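So you can see what is in the structure, the chains are spelled out below.
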Amino acid sequence: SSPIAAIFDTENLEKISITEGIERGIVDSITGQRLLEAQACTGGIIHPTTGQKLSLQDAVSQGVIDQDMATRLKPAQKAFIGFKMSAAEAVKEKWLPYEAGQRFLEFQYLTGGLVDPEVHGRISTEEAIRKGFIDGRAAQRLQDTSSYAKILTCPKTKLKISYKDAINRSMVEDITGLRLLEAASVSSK
Amino acid sequence: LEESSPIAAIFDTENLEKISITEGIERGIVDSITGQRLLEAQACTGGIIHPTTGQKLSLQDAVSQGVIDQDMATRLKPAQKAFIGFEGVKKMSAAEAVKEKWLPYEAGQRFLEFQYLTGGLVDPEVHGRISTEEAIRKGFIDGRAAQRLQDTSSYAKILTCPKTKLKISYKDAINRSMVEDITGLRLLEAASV
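Taken in sequence, the protein lines are chains G and P.
For what it's worth, the numbering used here labels the leading residue of the first sequence as -13, then goes sequentially.
For what it's worth, the numbering used here labels the leading residue of the second sequence as 9, then goes sequentially.
Take these hints with a grain of salt, some might be off.
Unchecked claim - Straight-line alpha carbon distances no greater than 16 Å define the calculated EDC-like cross-link-like pairs of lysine to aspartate or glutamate that follow:
| no. | chain 1 | residue 1 | chain 2 | residue 2 |
| --- | --- | --- | --- | --- |
| 1 | G | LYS78 | P | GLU142 |
| 2 | P | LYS146 | G | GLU85 |
| 3 | G | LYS146 | G | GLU168 |
| 4 | P | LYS175 | P | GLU197 |
| 5 | G | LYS78 | P | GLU141 |
| 6 | G | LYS146 | P | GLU197 |
| 7 | G | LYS136 | P | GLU133 |
| 8 | G | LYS117 | G | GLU104 |
| 9 | P | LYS99 | P | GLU114 |
| 10 | G | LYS146 | P | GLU133 |
| 11 | G | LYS136 | P | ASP131 |
| 12 | G | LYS60 | G | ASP44 |
| 13 | G | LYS80 | P | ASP180 |
| 14 | G | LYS80 | P | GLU142 |
| 15 | G | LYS136 | G | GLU85 |
Stated by the list, open to error - Short, incomplete list of chain G residues facing chain P, as computed with Cβ under 10 Å:
| no. | residue |
| --- | --- |
| 16 | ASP44 |
| 17 | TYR84 |
| 18 | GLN88 |
| 19 | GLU92 |
| 20 | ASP121 |
| 21 | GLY122 |
| 22 | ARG123 |
| 23 | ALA124 |
| 24 | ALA125 |
| 25 | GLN126 |
| 26 | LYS146 |
It is worth saying that the hints were derived from the structure and are not from the lab.
Built from N, CA and C at the ideal position, the CB exists for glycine as well.
Model the full assembly from the supplied sequences, consistent with the hints where possible.
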């Protein structure tokens, strides 16, 4: 699946970047950062309208994310370009908290499979196991997308949801092909 | 296999058909305690598994859909809590609940094993599964408890295998289960005696 690219501000019926969603207060800062991390660790920050995958520096330049966010996303981008080492390895080497490494791997798994920084390519879970990125247990966890940590506050319902839930709830924009997550100022629940 | 999806339902060998655990109990091919435990394994891992759709259900919805009966839903509350979390007194995970005597050791242990065998212990905080390393980090279990979970071969035989009627562990159940072709749902065979 494609990563969630941007936010759909239901109340204002318009697509906005995750950053704007945060600015508007309809996507909390943590959730927003995590959505952005999901982009960085899977190829790059997604321009909300062009769909172009961007490096953090270009994202900042294009106004897709601000400098502070760019800073906080460094580990996420490295989960893609390498720390080269992968997020799983960074967690092992005490460079990245488990929580972070786990979501990065889930972000990658849900979007095509774990990323192997060394080749930019994705790899099968069998290969990730072989590479030591994950063990069979982690593989079963990853494959069981229904049990992913509810690390996001659904911007619309305000309930805790996983990134798989987010993808499930996301809608695709008219052929930009971009996956949008609806957001509201207050819970729709 | 060391880990796998939770057993979802029963394959009634005599009738060559998949039925819910509840139905297995009803037809007397799965005893109520074993059936309850198979259901606990589902409840503590996210939800009662709908036998046909595979969707995870709250106990309430499972009762509403006839997937489990009212009395069973009552008996499954602790297992569901093993997933959603035990009221803080900051929700407690199953392991913590055992420590605070809120959950009998046996029930807690069953739940931890069910989770472990199906991907990893559940962190009620984020309602997701975590590596054992992380569970240790969170203080859910210490190395000793982690070692116990790892030795799946030594899990208590808490189930009566629906087919052989012999006592087996959940690990055994998963190893003796069959994956239903189209659905990917894990079934345990059951026969009458």
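Structure-based check of each hint:
1. G/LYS78 x P/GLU142: holds, 12 Å
2. P/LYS146 x G/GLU85: holds, 11 Å
3. G/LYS146 x G/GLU168: holds, 14 Å
4. P/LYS175 x P/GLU197: holds, 14 Å
5. G/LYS78 x P/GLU141: The given pair, whose Cα atoms are some 11 Å apart, holds under the 16 Å limit.
6. G/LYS146 x P/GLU197: violated, 37 Å
7. G/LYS136 x P/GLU133: holds, 9 Å
8. G/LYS117 x G/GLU104: Holds - the C-alpha atoms of G/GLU104 and G/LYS117 are around 12 Å apart, at most 16 Å.
9. P/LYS99 x P/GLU114: Violated, because 20 Å separates the two Cα atoms, which is more than 16 Å.
10. G/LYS146 x P/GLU133: holds, 10 Å
11. G/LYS136 x P/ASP131: holds, 10 Å
12. G/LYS60 x G/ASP44: Distance ~13 Å between G/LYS60 and G/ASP44 Cα, so the pair holds.
13. G/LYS80 x P/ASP180: It is violated: about 36 Å lies between the C-alpha atoms, which goes past 16 Å.
14. G/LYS80 x P/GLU142: holds, 13 Å
15. G/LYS136 x G/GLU85: holds, 12 Å
16. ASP44: violated, 32 Å
17. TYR84: This interface hint holds because 5 Å falls under the 10 Å limit.
18. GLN88: holds, 7 Å
19. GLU92: holds, 9 Å
20. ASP121: Status holds, d = 8 Å.
21. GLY122: holds, 6 Å
22. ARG123: This hint holds: G/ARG123 lies near chain P, its Cβ roughly 5 Å from the closest one there, short of 10 Å.
23. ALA124: Holds, about 6 Å.
24. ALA125: holds, 8 Å
25. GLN126: Interface hint status for G/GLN126: holds (4 Å vs cutoff 10 Å).
26. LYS146: holds, 7 Å
In terms of the numbered hints stated before, the structure departs from hints 6, 9, 13, 16, listed from lowest to highest.
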